[PDB]
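Listed below are the residues making up each chain.
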Amino acid sequence: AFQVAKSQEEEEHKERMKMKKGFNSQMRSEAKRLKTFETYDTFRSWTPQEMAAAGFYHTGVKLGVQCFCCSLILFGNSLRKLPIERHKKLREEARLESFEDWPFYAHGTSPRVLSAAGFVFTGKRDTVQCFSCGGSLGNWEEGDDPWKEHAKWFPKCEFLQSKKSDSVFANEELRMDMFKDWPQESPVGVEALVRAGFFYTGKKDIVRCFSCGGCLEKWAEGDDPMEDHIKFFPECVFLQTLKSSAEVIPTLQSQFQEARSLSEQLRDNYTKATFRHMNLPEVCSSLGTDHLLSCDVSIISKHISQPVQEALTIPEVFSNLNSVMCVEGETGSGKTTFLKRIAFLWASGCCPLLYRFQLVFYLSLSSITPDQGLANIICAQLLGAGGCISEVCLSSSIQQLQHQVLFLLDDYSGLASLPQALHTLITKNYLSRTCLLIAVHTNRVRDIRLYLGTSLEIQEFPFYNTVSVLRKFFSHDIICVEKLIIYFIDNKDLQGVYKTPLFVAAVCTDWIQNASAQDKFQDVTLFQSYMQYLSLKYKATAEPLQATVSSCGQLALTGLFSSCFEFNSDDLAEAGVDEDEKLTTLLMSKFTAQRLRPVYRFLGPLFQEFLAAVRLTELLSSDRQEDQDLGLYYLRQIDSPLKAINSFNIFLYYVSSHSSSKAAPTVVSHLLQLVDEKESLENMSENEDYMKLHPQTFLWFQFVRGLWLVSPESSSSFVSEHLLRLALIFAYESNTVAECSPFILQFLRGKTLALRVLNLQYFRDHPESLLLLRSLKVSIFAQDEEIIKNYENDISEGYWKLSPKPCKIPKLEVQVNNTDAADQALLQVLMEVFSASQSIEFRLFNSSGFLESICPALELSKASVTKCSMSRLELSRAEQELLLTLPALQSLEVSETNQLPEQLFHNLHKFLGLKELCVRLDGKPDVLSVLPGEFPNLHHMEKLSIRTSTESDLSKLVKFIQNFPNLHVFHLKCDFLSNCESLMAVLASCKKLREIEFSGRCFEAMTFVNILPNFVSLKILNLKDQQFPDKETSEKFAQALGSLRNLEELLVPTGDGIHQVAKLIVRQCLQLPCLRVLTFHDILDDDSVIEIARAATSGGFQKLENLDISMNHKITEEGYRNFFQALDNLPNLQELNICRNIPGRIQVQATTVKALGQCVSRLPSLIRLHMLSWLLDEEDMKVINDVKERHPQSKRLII
Amino acid sequence: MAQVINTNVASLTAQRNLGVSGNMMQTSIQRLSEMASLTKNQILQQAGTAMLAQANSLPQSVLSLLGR
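Protein sequences, first through last, are from chains A and F.
Quick note on numbering: the first sequence equals residues 31 to 121, 159 to 232, 272 to 361, 397 to 921, 964 to 976, 984 to 1389 in the authors' numbering.
Quick note on numbering: the second sequence equals residues 1 to 33, 441 to 475 in the authors' numbering.
Be aware that a few hints might be false.
Unchecked claim - Some chain A residues well away from chain F (every beta-carbon gap over 10 Å; in silico): (1) 184; (2) 539; (3) 884; (4) 1330.
As the list claims (entries may be wrong) - Distance condition first, Cα-Cα at most 25 Å in a straight line; then the derived PhoX-like pairs of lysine-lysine: (5) A:1378 with F:447; (6) A:784 with F:447; (7) F:447 with A:1372; (8) F:447 with A:215; (9) A:995 with A:918; (10) A:48 with A:92; (11) A:230 with A:309; (12) A:1163 with A:1057; (13) F:447 with A:972; (14) A:1385 with F:447; (15) A:111 with A:230.
These aren't lab readings, by the way, just hints derived from the structure by calculation.
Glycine included, each C-beta is placed from N, C-alpha and C at the ideal position.
Based on the sequences and whatever the hints tell you, model everything.
Spelled out as structure tokens, the structure:
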């Protein structure tokens, strides 16, 4: 918004203090312009041609132009500000050929007053345009005041106001006396120009020699005084007495009435006005040409011995002309547009070498092979070739005036040796010292290559050409042009599909003849319309035109099959025969120079994927013998869900066209076939091509790997968002809404969904069935901001516009962060969705300014609230009275503040339903007083997590905590308890003690060897640092833990209980199944990891995944043996910490540690190894890197 | 005058706060002289600053691409 104005001060003022220098007598030369307005960076959306003719000038740095009238630097050329117009707001033959085609109709207004008022006639029915307006119109009525009509038709033309509002001196002192009138714009040495033998005349830069009469052009600021007069006047007699024929050799290495009147007749005929016509406005038929009304391309000039020589321009063709030359491109398109460009603009004469070219000859040889020369085709497709002058005498008029004859030969690819004078002219090209051109495609450049000096390639510059054509021809609609240019940086490979600039007429009909793209502008509509043009152009039946479509479609199946793009030309079992149909169709071509077996090339590599999409609907809604087993075959070769987002986004979004739906349930069944997988990560990351958002696709892998890095359910939640999103677009656009609906209900269930409804018209078909999701989620970390970027590549808008009366809306989820305000509009959105949903899940994360938000939130809401998380609040009284007065609360977690809630506590002991607490860092000996108010209420409790700073009253705790029937996970920790008898009573008088967290309370564990035998079905046990000797706790906890084979997660602390406890305990935990987590912190000296070594050799361990050997005494080659077998033979483990021995543990024998990295790489199913508290080097970085890349199933090595 | 700009540069203000998350990377290199928190912040928030880095010069590409 403002950052373009402040940044406009930044780079515009930084450039304003930089490059003010302007030599406003120098910058008028054309050749230095189109030379240096060609080969610069060119990343904008603006044509360099008429910006070199805008009145400004620029070098080639980032777009900073200057001028002579308004001298200011201007850069950052962006949309819709035409720089010829922005020049204003920031401050003979054409008229002759015009009225030549003058019809009979328009004579209520005279044509000569149209001649005296600046009008140009375009050779159609009575339509005009000015030389610098661009609008050809008819609509002729009576009283049309012509220049005032030009100010009254349309206000587009600012050329309206921009235009409306010697014989006695034959000595070098008298010649030099004429040279003392020297023009300022020439910094060339004047004295050498005096000694060059000229004298001045009186105009700009022409100059008149006295010996022969040399005057001529190419006079600029950095030229040579002698060179042009030598190499372009080699017969000046004073120069002959100055530099003779042996001295013009370095400049040589630097650079009849029937014949004449024949040249006058053919010169009068080759300036044809109706020759302009092209079917580039084919059915659109817009009143306009293709040079003054269309932009251009450039030349990839390539040398014959493989350097890519230059990228010349169209006047740079004229500078060093080629006596015989070939160009590659597209027939119908640019190449014949280049030839008819040469002839039609050769009927204009603006370039300073024009009007002196003699005889061009346009020819298209695709029609003929007529075994007869000039009179056949000049008398056939043109007017005539003369009868008094013979056809060989016409060829004698060629071979008598050869040096300025220019040829425009087309399509030797459809030509053999059958025309006589033609093919013998081409094979004997010396015998006419002429300029020959030819426009053969890249299938048959080899037959021309014997007669070539350099090759020329036509190439589109889709930076600016597509927005010039769609600018000028579609100024009627410019907001979709804004959609195009904003789409150019949302999709930065938009140049990767615009590959031919004169087959954008399908886009032209897809704006003026198909208005659907104006509200549906993404890619597949556009090149779907291009494919529809490929059905319209060469309209035919089910020939191998159509089997060229399908057969090159399975060439595209080989294209994305093994990711092969530039082919081998071996397997032509897909397409094969009649190459003229495939190159005439132009879906492919082949290699130019030598290969061993030559190489096929495409017009567009990503366009090939759209060909494979045509192949996929061909293999989706057609004969079901084995064809859809081929589409099913490759469609099952792509079966990994993390690859599905990007690869199925681009390619399956190409499949999102072609709505036929005869096996769309099979491909959305492949979308349901994607289940919870891990190897999909490097299934995508191993692949090579990524299509449009290519380094961004690398970033998609990085961020989704970051999603699985933290949260497995948020990663799969984003997977659910993209799978349900693209499956929703494909489902609604495929119209399989009642055909696949309960299968989509299988595609919904169990997945937790964050609320995204702005593609609501795809979703609102039947939301009641589409309503049984597992969860609903809103938050306010950076994930939802990236999702804002993802649609950017609302809630109640799509949600109530979705359903006017929602029904039975499921439960909800809230996260809030510390940067949240209290805007009431989103609180009204919360009023709507809380009025809709069942109940709320609610998470407070440091949210200040939420007291002023929780007052209107609970004010608007009613008493239906389940979960509240109280992460680091302010703990004020009024908002917890307002939270307090709502019944049916079920969940409240309180673990943060040293400040203790009192009214919320003792008044939280009133209601019913509550099952979640927490009491971390509070401190209470006496706060338990109205807790016996809760004691009649709730036998419904599912989370208990207590901390006190000292001893509380325990009789109430043993009483009603004894009165619990529905035990659960417990978190208990950290006070001066000193009472194992009350806790022995309550833990001895209960039933369901199967998830116990007793991490580090001051306590004597004599109870646990009594109450652990009372309950056998325990699954999770956590303990932090206690007293733990090696015969009392080792024998008694060897029995008590020995009879406890139901456990899954084990956290044992901090004892001098020594390796006998590893014998019996590592024995029994070795010999129990259903076990996942295991932790031996502050214990396991090296003989105890001998016990995990010899124990871990035999097995019985294959269920385990998580394991911690933090805090050994010393790991060394001992640990290489023990972690060799123990980190070898156990193919399910994934967790390891070796750390916090912090000062100096490089006593590990580092190369044997590299062998231990070989040993960890033996383990397939590992994820996180933590190799902390020793030095690495460069070497083991390369070692754990390279052996990490052996199987990439792991990702978490932590230094 | 495109008006896809105002809350998008309050969003770019937040993206400059991901530049302040670049200063949180400077905090992490400042804080050298368990660590799964630093693992998920450096790797995950580095991926977020990459997404909003191409998507922070990407609205700079908007302003350097829209005609004003």
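Hint by hint, here is what the structure shows:
no. : hint               : result
1   : 184                : holds, 33 Å
2   : 539                : holds, 52 Å
3   : 884                : holds, 33 Å
4   : 1330               : violated, 8 Å
5   : A:1378 with F:447  : holds, 20 Å
6   : A:784 with F:447   : holds, 23 Å
7   : F:447 with A:1372  : holds, 23 Å
8   : F:447 with A:215   : violated, 71 Å
9   : A:995 with A:918   : holds, 21 Å
10  : A:48 with A:92     : holds, 13 Å
11  : A:230 with A:309   : holds, 23 Å
12  : A:1163 with A:1057 : holds, 24 Å
13  : F:447 with A:972   : holds, 21 Å
14  : A:1385 with F:447  : holds, 13 Å
15  : A:111 with A:230   : holds, 21 Å
Violated hints, in rising order: 4 and 8; the structure is consistent with all others.
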